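*Asks:* Each chain, letter by letter, is given below.
2 protein chains.
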Amino acid sequence: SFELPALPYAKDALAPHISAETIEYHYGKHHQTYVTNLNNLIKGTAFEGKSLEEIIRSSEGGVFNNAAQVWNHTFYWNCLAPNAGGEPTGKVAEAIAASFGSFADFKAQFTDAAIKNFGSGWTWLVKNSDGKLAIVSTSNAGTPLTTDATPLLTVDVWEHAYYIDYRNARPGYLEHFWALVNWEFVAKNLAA
Amino acid sequence: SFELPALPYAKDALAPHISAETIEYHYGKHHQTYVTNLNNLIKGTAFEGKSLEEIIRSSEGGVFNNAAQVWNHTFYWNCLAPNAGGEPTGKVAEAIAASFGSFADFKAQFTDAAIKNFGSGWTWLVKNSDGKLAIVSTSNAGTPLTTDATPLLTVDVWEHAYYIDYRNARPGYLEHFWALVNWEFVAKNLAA
Ligand SMILES: [Fe+3]
Ligand SMILES: [Fe+3]
Numbered sequence: 001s002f003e004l005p006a007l008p009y010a011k012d013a014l015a016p017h018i019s020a021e022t023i024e025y026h027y028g029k030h031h032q033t034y035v036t037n038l039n040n041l042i043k044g045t046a047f048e049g050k051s052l053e054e055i056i057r058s059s060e061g062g063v064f065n066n067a068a069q070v071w072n073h074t075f076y077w078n079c080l081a082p083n084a085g086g087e088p089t090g091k092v093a094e095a096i097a098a099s100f101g102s103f104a105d106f107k108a109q110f111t112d113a114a115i116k117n118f119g120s121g122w123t124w125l126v127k128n129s130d131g132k133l134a135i136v137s138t139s140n141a142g143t144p145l146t147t148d149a150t151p152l153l154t155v156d157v158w159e160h161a162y163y164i165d166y167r168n169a170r171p172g173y174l175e176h177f178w179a180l181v182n183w184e185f186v187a188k189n190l191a192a
Numbered sequence: 001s002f003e004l005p006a007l008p009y010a011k012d013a014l015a016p017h018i019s020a021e022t023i024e025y026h027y028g029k030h031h032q033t034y035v036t037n038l039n040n041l042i043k044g045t046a047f048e049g050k051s052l053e054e055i056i057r058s059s060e061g062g063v064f065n066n067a068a069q070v071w072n073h074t075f076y077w078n079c080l081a082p083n084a085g086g087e088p089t090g091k092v093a094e095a096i097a098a099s100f101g102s103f104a105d106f107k108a109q110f111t112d113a114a115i116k117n118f119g120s121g122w123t124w125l126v127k128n129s130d131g132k133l134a135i136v137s138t139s140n141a142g143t144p145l146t147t148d149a150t151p152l153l154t155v156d157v158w159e160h161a162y163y164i165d166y167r168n169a170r171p172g173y174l175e176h177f178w179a180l181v182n183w184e185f186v187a188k189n190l191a192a
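These protein sequence lines map, in sequence, to chains B and A.
When the count follows PDB author numbering, it moves up by one through the first sequence with no breaks and lands on 192 for the last residue.
When the count follows PDB author numbering, it moves up by one through the second sequence with no breaks and lands on 192 for the last residue.
The hints are simulated quantities; they were obtained by calculation from the structure and are not laboratory data.
It is possible that part of the hints are untrue.
In this list, chains with the same sequence are indistinguishable; a pair is considered to hold if it fits within one copy or across any two.
[What the hints assert, rightly or not] Simulated crosslink set (SDA-like; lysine to any residue; CA at most 20 Å straight-line): (1) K132 / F103; (2) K29 / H160; (3) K116 / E60; (4) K116 / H176; (5) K116 / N40; (6) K29 / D165; (7) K29 / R167; (8) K116 / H160; (9) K29 / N40; (10) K29 / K116; (11) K116 / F64; (12) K132 / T150; (13) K127 / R57; (14) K116 / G61; (15) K116 / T33.
Please put together the full structure from these sequences, using the hints given.
*Replies:* See below:
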């Protein structure tokens, strides 16, 4: 059995950038439903004795879809924080300047990739096995965990992530995503 | 250049099953954006001057995604009507009973397929090349027009189609879809 992890902050702590109503549906109903559905699909199978990550790397179909979405959304909630956002500092800023020229060029490329990701999906900042950073987009429950790249930052662009607050304006959601980025989490992901 | 076809009913005519606000966004912003983006992508290319169906059957990528979504939503708006819904009669009722056993069995199988269609997509009633009817689900902009099957009815299950009115309850959206089905349009397509 897998449980829904506690949210790292109060449900209105990301406002006005993501509302408390988007958190009650996205965390309290959508992320809860993926945990329940995962638990029901793996009951009595060999997947019951594996870690979530090992399930994601060895499954397909419905088991994959629910396990990758449990992981992807727990990672997503940790990428956001109250009294954060702004430009990064330290090793993160150096790593971004080195692979993308500057933070302003990285922000522009990530935003563009997130806006253009057609349908439901995720856009990721990853560190490839060679140490360079790159922006990749996945469709639906797709995740960098099935490749050699290490996930550092993600934004959910399934319409449920923003439709209550921004309706069709996915660019407005992305502009406000930058005010919430938890660069401390990204730093821990880069150093691991 | 393509035009956004007018809705065949007023923007509040599907209320309360689909609200006037959902039509304002889904038709007025989302479907309009696909026409503008399609016009922009084909200007000055060999696709300019072909019909929408010819473009859908010969393209891939962004041209395909935008062209298929323009056609798919015009077909969807035509599948819905005020003062309709209920059980089909005539030739449509006979073809549905012959392929699914009964209207109740078809409605149950089409609802299950639309709810389980993971991510953004569409669920379709189609007439196959051998005359039998079948339910098929597509992902993102996918449409039976690229196959040999004739589309008869569709439901949009991208989250924007229902999130304003039903939030995450896609079952509730499908229950209300049945109250809007314009069986005269389905009869027109069954005969084509
Ligand atoms: Fe999500
Ligand atoms: Fe739509």
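*Asks:* Each hint should be assessed against the structure and marked as holding or not.
*Replies:* Now the hints, each set against the structure:
Taking the closest pair of Cα atoms, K132 and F103 come within 20 Å of each other only inside a single copy of the chain (15 Å); across copies the shortest separation is 57 Å, beyond that limit. For the homomeric pair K29 and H160, the shortest alpha-carbon distances inside one copy (11 Å) and between copies (17 Å) are both at most 20 Å. For the homomeric pair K116 and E60, the shortest alpha-carbon distance between copies (15 Å) is at most 20 Å, but the shortest distance inside one copy (26 Å) is not. For the homomeric pair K116 and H176, the shortest alpha-carbon distance inside one copy (17 Å) is at most 20 Å, but the shortest distance between copies (31 Å) is not.
For the homomeric pair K116 and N40, the shortest alpha-carbon distance between copies (15 Å) is at most 20 Å, but the shortest distance inside one copy (34 Å) is not. Taking the shortest alpha-carbon separations for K29 and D165, both the intra-copy value of 17 Å and the inter-copy value of 16 Å come in at or below 20 Å. Proximity of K29 to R167 under the C-alpha cut-off of 20 Å is found in both arrangements, the shortest distances being 19 Å within a copy and 10 Å between copies. Within a single copy, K116 and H160 get their C-alpha atoms as close as 17 Å, and across copies as close as 16 Å, so both meet the 20 Å cut-off.
Proximity of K29 to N40 under the C-alpha cut-off of 20 Å is restricted to the intra-copy arrangement: shortest distance 16 Å within a copy versus 39 Å between copies. Within a single copy, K29 and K116 get their C-alpha atoms only as close as 26 Å, which misses the 20 Å cut-off; across copies the closest is 17 Å, which meets it. Taking identical chains as interchangeable, the C-alpha atoms of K116 and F64 lie at most 20 Å apart only when they sit on different chains, with a minimum of 14 Å there against 24 Å within one chain. In this assembly of identical chains, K132 and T150 lie within 20 Å of each other by CA distance solely inside one copy; the values are 11 Å within and 48 Å between copies.
Taking identical chains as interchangeable, the C-alpha atoms of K127 and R57 lie at most 20 Å apart only when both belong to the same chain, with a minimum of 18 Å there against 38 Å between chains. Taking identical chains as interchangeable, the C-alpha atoms of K116 and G61 lie at most 20 Å apart only when they sit on different chains, with a minimum of 12 Å there against 25 Å within one chain. Taking CA atoms no more than 20 Å apart as the test, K116 paired with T33 passes between copies only; the shortest distance there is 13 Å, against 27 Å inside one copy.
Consistency with the previously given hints is maintained throughout, with no hint failing.
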